[PDB]
Amino acid sequence: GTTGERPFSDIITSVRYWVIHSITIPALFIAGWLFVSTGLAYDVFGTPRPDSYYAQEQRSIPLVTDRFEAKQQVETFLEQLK
Amino acid sequence: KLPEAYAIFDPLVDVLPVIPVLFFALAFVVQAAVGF
Amino acid sequence: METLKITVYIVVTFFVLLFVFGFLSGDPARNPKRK
Amino acid sequence: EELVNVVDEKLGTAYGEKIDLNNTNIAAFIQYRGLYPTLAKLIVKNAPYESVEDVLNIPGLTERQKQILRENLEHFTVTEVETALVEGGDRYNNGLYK
Amino acid sequence: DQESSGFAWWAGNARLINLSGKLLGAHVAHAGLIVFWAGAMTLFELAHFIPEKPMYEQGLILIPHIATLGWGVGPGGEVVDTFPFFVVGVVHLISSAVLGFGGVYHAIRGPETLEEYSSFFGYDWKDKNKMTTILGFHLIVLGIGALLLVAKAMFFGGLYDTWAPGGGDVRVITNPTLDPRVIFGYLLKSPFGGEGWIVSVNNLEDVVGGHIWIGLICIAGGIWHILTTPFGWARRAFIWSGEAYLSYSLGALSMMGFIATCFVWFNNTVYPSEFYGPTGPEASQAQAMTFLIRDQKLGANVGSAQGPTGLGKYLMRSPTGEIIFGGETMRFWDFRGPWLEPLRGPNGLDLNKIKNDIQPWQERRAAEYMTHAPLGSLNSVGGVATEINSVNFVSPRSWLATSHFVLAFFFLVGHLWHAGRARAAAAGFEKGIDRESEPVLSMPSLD
Amino acid sequence: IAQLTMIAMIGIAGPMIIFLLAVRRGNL
Amino acid sequence: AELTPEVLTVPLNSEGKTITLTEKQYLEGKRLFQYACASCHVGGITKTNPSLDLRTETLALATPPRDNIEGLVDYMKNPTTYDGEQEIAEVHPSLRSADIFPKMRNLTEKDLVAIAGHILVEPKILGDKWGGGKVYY
Amino acid sequence: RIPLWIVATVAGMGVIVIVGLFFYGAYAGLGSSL
Amino acid sequence: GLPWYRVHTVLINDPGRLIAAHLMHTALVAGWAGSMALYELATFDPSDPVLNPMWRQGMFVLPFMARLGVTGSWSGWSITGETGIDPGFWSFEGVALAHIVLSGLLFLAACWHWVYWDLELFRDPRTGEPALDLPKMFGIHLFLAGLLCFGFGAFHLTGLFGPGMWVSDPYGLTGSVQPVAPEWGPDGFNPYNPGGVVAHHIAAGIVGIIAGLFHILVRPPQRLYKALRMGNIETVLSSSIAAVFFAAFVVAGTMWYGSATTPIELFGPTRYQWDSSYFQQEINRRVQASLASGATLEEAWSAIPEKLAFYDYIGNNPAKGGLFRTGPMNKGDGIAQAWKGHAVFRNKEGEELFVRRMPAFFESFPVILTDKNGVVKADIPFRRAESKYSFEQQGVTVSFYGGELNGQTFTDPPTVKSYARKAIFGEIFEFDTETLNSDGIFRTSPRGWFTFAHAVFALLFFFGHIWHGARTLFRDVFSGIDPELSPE
Ligand SMILES: CCCCCCCCCCCCCCCCCC(=O)OC[C@H](CO[C@@H]1O[C@H](CO[C@H]2O[C@H](CO)[C@H](O)[C@H](O)[C@H]2O)[C@H](O)[C@H](O)[C@H]1O)OC(=O)CCCCCCCCCCCCCCCCC
Ligand SMILES: CCCCCCCCCCCCCCCCCC(=O)OC[C@H](CO[C@@H]1O[C@H](CO[C@H]2O[C@H](CO)[C@H](O)[C@H](O)[C@H]2O)[C@H](O)[C@H](O)[C@H]1O)OC(=O)CCCCCCCCCCCCCCCCC
Ligand code: CLA
Ligand code: CLA
Ligand code: CLA
Ligand code: CLA
Ligand code: CLA
Ligand SMILES: CCCCCCCCCCCCCCCC(=O)O[C@H](COC(=O)CCCCCCCCCCCC)CO[C@@H]1O[C@@H](CO)[C@H](O)[C@H](O)[C@@H]1O
Ligand SMILES: CC1=C(/C=C/C(C)=C\C=C/C(C)=C/C=C/C=C(C)/C=C/C=C(C)/C=C/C2=C(C)CCCC2(C)C)C(C)(C)CCC1
Ligand SMILES: CC1=C(\C=C/C(C)=C\C=C/C(C)=C/C=C/C=C(C)/C=C/C=C(C)/C=C/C2=C(C)CCCC2(C)C)C(C)(C)CCC1
Ligand SMILES: CC1=C(\C=C/C(C)=C\C=C/C(C)=C/C=C/C=C(C)/C=C/C=C(C)/C=C/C2=C(C)CCCC2(C)C)C(C)(C)CCC1
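Chains as they are written, first to last, in the deposited numbering: chain E, 3 to 84; chain K, 10 to 45; chain I, 1 to 35; chain U, 7 to 104; chain C, 27 to 473; chain Y, 19 to 46; chain V, 27 to 163; chain J, 7 to 40; chain B, 2 to 489.
Next comes chain E alone, as it looks inside the complex:
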């Protein structure tokens, strides 16, 4: 079939591709990295960090009990929880 949208080999092999990108690609690679390093990713998605999955003493699991006052639960767990 007749195809005509801006070619690929062109730019993957392009001089400009590598010059705009070289600098920006790792900008994302780095950006992601920082997202992890700051440790914000954790707070970003509640995702606990090894240091804080279980409180110190307790052995039970901080399980969400009631679907409607769930927000509380999480807290009261994340609460007593270190």
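Simulated from the structure, these hints should not be mistaken for laboratory data.
Note that CB positions come from ideal geometry on N, CA and C, so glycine has one too.
Please note that a few of the clues may not be correct.
[As the list claims (entries may be wrong)] Have a look at the derived ranges for each label pair, beta carbon to beta carbon:
#1 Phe45(K) - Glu142(C): 25 to 33 Å
#2 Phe70(E) - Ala26(Y): 54 to 62 Å
#3 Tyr172(B) - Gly48(E): 39 to 47 Å
Position chains K, I, U, C, Y, V, J and B with the ligands against the provided structure of chain E, taking the given hints into account.
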């Protein structure tokens, strides 16, 4: 742990085995430069 | 029942022998243009 | 005319509360200061005892061993030897591992 | 040979099947990676080898072989000379350069056609004799060391023999085997459980003893083909084409690799376990041994102990040989190793022996083998399918036996695709089916 | 420790032959 | 933070004294425990003889007490049944018997104290998962 | 302009280096068992 | 050579013969109604609306005759358990003797629209051929629908003209068919609120009438009639199969989860009613009131009502069944004859214990008696050699309050155990199994089946939808791809 006097090279001794593979790899690099 | 033991062999041998003697007579022939 | 499980029933005697010299698996012997290892091989070996004390009068028991048994006597009990519990030399290896 | 007038890129090496190979050098080229690989891994192996840690406990596939030959071991499977191992890899490795240094050449700067430079034996496949004579060389070639080994076995140091009197220990094969009934007899031996035609081999006397017989037998072939031309039922039978030659030849590996995979999993003789892990069956027999002891030692009669099923825990009965360990373990009553043979009897396992002549050096070797068993995950967490991460160990036998099968399998796939395409030249329909002259569009319709 | 840097060079040893070959000529 | 100082502190002598500990020693404990061989002994059970476990209580009831960071040391040096009646040295890894179990040679009082502390410590965190097997897994 | 193969191999090694990192990362990585 | 699936296509045009078709699948269904209707009627037992209400007996079709209002049979009995009052002709028998005559005539109107297949009405004037106007035809039928939907909405259910509809509430249940008043307030949407139904029909009726007129008058944009290829009947089929299947999934929902369109007693109690101990908690309240109200724990439970304990029996929880477990809940646990009594298990120490129930997912299950606080004080060992909590070694025991067992207690380790394992099922009961010869395994309630019915059915229909919709629109390419090629 190689003889004491070789202490310096545990680093290479470490890699030497990867090479074999490396060849099937290169075989491609060339085939690519030579447009198949 | 040692009988069976042999009754089979022959039946097995026969065939194995018919197998080989069939491929033995070379099959480079028995295809398109007997080449 | 009401047949019934034997182990289940004997679990209802004092067998379930303490250690049965004549039946109980040799494994329940570790649960006390220095009994398992040897004393048990003799406790378990050595005929079945009609009295909980006849343990103390076991051929060759040591002046110390003798003591121990005395000391631990508290936890030992007895009930008819249980064919189903002793057959198969199960008493040595009941099939129960961690 | 460029593209057109050749195959595609993935079938690259096919354009080397055209004219006279520009390079033997390819084959030599890698005939190096193969020898260099020993040079790296061997170095790498020792590079990680500790003398105390059981050789099989430290992912040693390569190193255990040197040991099995009598090098750097001696009393028990203990390693005294960290040197010998190092030696062999160092050599090979370096040795590889020359192998590669040349193959690398023969492929780019030498005769792009040795068909012409021919002279020296030379090149062309259909040439029925250049091929009979060539393999002929490589036949004297192999048998060559068949003796090389016999020497190491009889004149340079000996081998490791687990059976060997005292206990595992570097020993010299004094009296190899004469009698052809024995050395040959194995081939005629059962293939199934109880007697594997190749695998079943108690001692070295029959190994090195047999190798001898193979060196000469094999040399007598190179000497043979080198001098003559194959008969007419031969020509009549087998297609001759460079490819077709690979085709056969390749399916000798397939088979052979299985013969390895099936061998490295089963023998304690040529694979001592002091260097490899305890053989699969050995394991579930070792367990037996350990517990037969645990209770007997705990005061149980053992021999007369009625087991859960109706058989008996510690001791059971097999149909032909009367007495063996019982569990599910039975499957392996054919297992034989020095750690369990003393406690053997006329009728089988002896109650009198097992009861009082069962020594300590066994309870501890028996327990090592109970633990260290050929069971692990790719993850490399040695143990039952469902074990916690902690003790990890994968038997050399696992990797060895496993790999070779997948490869040897794959090769069988090869023996096919190279026979499938080669039996095709034989008539010329290999390129395809001719649109105007196909046998079928002109044949009596089946009905 | 160092192991990594020294592996690096050998790994880029091969594509470098391709490069040194691109510039000069031959092969084809 | 979770592997705290006192939770890493355990009994030394049958007399009460506590040796507390470090993240360093603990580690060697792990490295050791496994190298000293978990092959029968993996997790917290005992494959050669499942009847005996390494749980804190079990070591206490042993003879002599074997819950002491001390105890286990004697053992590893010289082993004894749960009787404390006959030395089990020939069938169990022990410095008394190195020539049998090689791994036991490179072992030192430093290396021991560690593998020891590892045993008395692991339960404190893993709970029952220490003694039991399969079941708790 | 820039030769095509040269972008492939350097692009590739990255996948082979990054992926390689990931395997190491499973040994000391949080997800290890230590 | 015309293949079979293509054979029913015959008509497509020629609406004449088609009318006689629908005129049949219609006289064939109607029949089936009166049919099994008679059948179920040939087997329903009224003897006890207490432990043998329809739903256990494997009743599927008779459950509806109640929704609408037919409570009784010409034989002096009802489903509520009435006396002396016998319905008019329109009683179960009627409903059946009814559809029986219906289909029976439609079969005739049927074999009519065939011979008499070519009529003026089916012939379009201006066009020399047989054509059927749909863009309007449709709106017409619509007008009747709503006209009826409302005609029903306000004229039936409201009790104004006819009987109400089956309703009750979570006690008893003391269900019955009474008149309903459409309550339009927001809670008319609480699916549960019955009123919320009469309000919808009276209300959607309006919306239908209007629409009909609208579609009987207004004409479809040439932009739609060109897209939805109206005119080609093939499209009305995908244009409907679509709704039909959705209509399904809704009946599949209302059925499974609760809803006033599918009661508690005319259909198996909801599987969720047992998920949350709905029945035991709404019970404890009453046995607690009665208790802290100066009554013997005995007078207490003997206070709780038969039917209600029963609901608290996992054996009615719709899930437990089996895809091939061939029949009515009765050849399962048997015929429920009566409630034995609540079984409270006492420790030897005197402590009260509870049988930790069996969650709907397990066919198998180990009984465990937990201390009132989740702790474990009793079980029935499997190893039994290392048992630490056996009934016998912990002297478990059982007393009984209410039922027929009442004020009795059982001590022997065997029976005490037994009673427990049967308690894991909820409220123990006494089932006559001999009569029907039950098997000892559970079966699923009507509610259960019905759901799985308008299940695989609706999940398939969307495939018809996708198939005809696709054969409606591409009736062009249908034949071949068009010998012409290369452009695109
Ligand atoms: C009798 C007629 C049978 C008709 C069957 C015809 C079917 C067609 C063949 C296709 C596959 C079936 C053939 C079976 C071959 C497999 C071998 C086998 O089953 O026999 C089992 C034996 C095992 O030997 C073992 O030998 C042991 C002896 O060792 C023991 O004792 C020794 C000393 O005696 C040592 O001490 C040692 O340490 C100790 O372990 C025991 O006796 C065991 O009981 C015994 O099992 O293997 C061996 O020796 C034989 C090794 C042969 C090489 C096979 C390679 C691997 C198989 C791949 C199959 C290819 C097919 C693939 C097709 C699909 C795509 C590829
Ligand atoms: C085959 C063709 C396929 C075409 C594919 C097309 C793809 C397009 C997808 C669009 C639609 C998908 C998304 C819909 C999400 C709806 C959310 C929902 O589920 O809504 C959630 C609720 C569920 O309520 C439930 O209620 C239960 C009990 O509550 C009720 O009962 C309790 C007592 O137990 C209490 O009394 C309580 O007060 C009372 O509310 C529990 O609480 C549950 O946790 C809770 O989920 O459903 C409701 O209200 C809503 C009413 C349900 C309508 C269901 C329509 C069809 C799907 C359902 C069929 C299921 C049965 C299938 C049977 C086999 C085959 C069909
Ligand atoms: C005869 C083939 C063979 C066999 C049986 C082994 C076996 C082993 N090697 Mg090994 N190795 C080989 C060839 C082989 N190797 C070659 C040619 C090299 C050079 C590159 C190496 C380099 C090497 C290193 C550096 C190490 C090992 C190690 C090991 C041991 C553990 C590895 C493992 O658990 O990961 C399992 C690995 C996989 C499951 C790879 C997945 C396979 C994928 C990629 C698909 C494969 C499909 C194909 C059919 C199989 C290819 C065959 C193989 C040659 C690649 C194990 C005994 C480790 C060890 O024991 O240290 C002492 C170790 O550190 N090897
Ligand atoms: C492995 C099997 C193998 C086989 C069958 C061959 C076969 C051949 N090689 Mg060869 N080669 C090999 C491996 C092999 N090579 C390896 C591993 C290398 C790495 C260097 C080489 C490097 C090499 C070179 C540079 C050349 C060949 C050449 C040849 C051809 C010349 C035959 C001849 O008369 O030599 C007979 C050789 C001997 C009988 C050995 C004599 C040993 C002593 C007495 C003198 C040899 C010189 C000295 C020892 C070191 C060699 C230096 C070197 C310049 C030769 C012949 C086809 C020649 C060629 O171009 O063929 C067309 C050629 O120029 N080869
Ligand atoms: C190393 C690789 C190799 C290759 C590719 C070949 C290839 C060949 N050799 Mg050969 N050979 C080799 C090594 C090799 N040889 C070695 C190392 C020796 C040492 C002697 C020989 C000795 C030798 C001799 C003496 C002869 C050959 C011959 C041949 C040619 C015919 C072989 C044939 O097709 O057998 C096909 C054979 C069969 C399919 C046998 C089927 C019949 C069965 C049933 C035997 C019956 C079994 C019997 C009962 C015993 C056990 C049976 C069973 C239970 C196990 C063929 C070109 C023949 C040739 O023409 O010139 C040499 C020939 O006469 N070779
Ligand atoms: C909803 C009502 C409905 C109506 C009136 C039609 C009408 C039609 N469909 Mg159809 N269809 C429907 C729903 C409907 N379909 C659904 C829900 C699906 C997907 C689940 C399909 C999938 C479908 C396909 C793939 C095709 C049709 C076709 C047709 C046309 C002729 C096919 C034919 O009659 O085969 C004759 C029928 C038989 C010979 C019966 C044998 C098939 C099974 C084994 C019978 C089982 C039913 C019976 C035993 C009891 C019925 C119980 C009931 C609850 C289902 C005809 C216009 C054909 C067509 O016109 O071409 C595009 C065609 O190819 N349909
Ligand atoms: C490239 C991947 C690869 C790697 C890393 C290995 C590695 C190994 N293979 Mg092996 N193998 C492979 C592919 C590979 N194989 C393939 C594709 C096949 C065909 C299915 C085989 C068939 C095979 C067999 C039959 C045996 C091995 C054995 C071995 C081990 C000893 C090497 C050796 O025998 O030295 C030099 C040769 C020997 C030490 C013994 C020679 C055996 C006699 C001479 C029969 C013929 C040898 C064999 C056919 C030649 C293959 C040698 C190998 C280097 C490719 C070693 C771990 C041996 C083993 O099990 O461990 C000791 C062994 O017996 N392999
Ligand atoms: C040969 C190729 C030919 C075709 C077949 C190839 C099959 C290859 C299979 C490999 C898949 C899994 C990779 C190993 C996992 C690993 O190990 O990497 C992990 C994440 O992986 C991953 O993130 C997997 C990445 C796959 C995501 C694909 C999403 C599809 C959208 C892509 C759009 C691109 C435009 C990172 O490590 C994990 O997380 C670490 C924490 O950082 C832990 O420490 C552990 O290491 C843990 O494993
Ligand atoms: C140091 C040393 C050495 C050297 C060597 C060598 C020679 C090596 C090598 C090497 C090599 C040479 C390696 C490799 C290779 C290759 C490569 C580096 C490649 C590549 C890459 C990549 C990444 C790719 C990719 C791709 C893609 C993308 C797809 C397909 C195609 C391709 C392949 C291109 C030795 C060892 C001898 C020893 C001595 C010293
Ligand atoms: C694949 C191929 C190729 C190539 C090549 C080949 C194939 C081969 C080979 C081969 C080779 C490539 C070889 C070789 C080599 C060499 C070596 C391998 C070396 C060496 C040495 C070493 C390694 C050493 C080191 C050391 C020493 C010296 C001693 C001490 C220790 C140390 C380590 C220091 C290509 C791609 C082109 C294509 C074609 C084919
Ligand atoms: C004398 C007369 C008559 C007669 C008759 C009738 C009425 C009837 C009938 C009948 C009927 C009304 C029938 C039928 C029905 C049924 C149906 C139509 C159906 C069936 C079934 C089916 C269709 C099926 C289904 C199924 C199966 C098959 C099995 C499985 C499941 C399913 C679902 C799949 C009448 C009365 C009309 C009246 C008029 C005259």
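So, going through the hints one by one against the coordinates:
1. For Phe45(K) and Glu142(C), the hinted distance range of 25 to 33 Å is satisfied, since their beta carbons lie about 29 Å from each other.
2. Checking the proposed 54 to 62 Å range against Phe70(E) and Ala26(Y) shows it holds: the Cβ atoms sit about 58 Å from each other.
3. In this structure the supplied range 39 to 47 Å holds for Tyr172(B) paired with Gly48(E), their Cβ-Cβ distance being about 43 Å.
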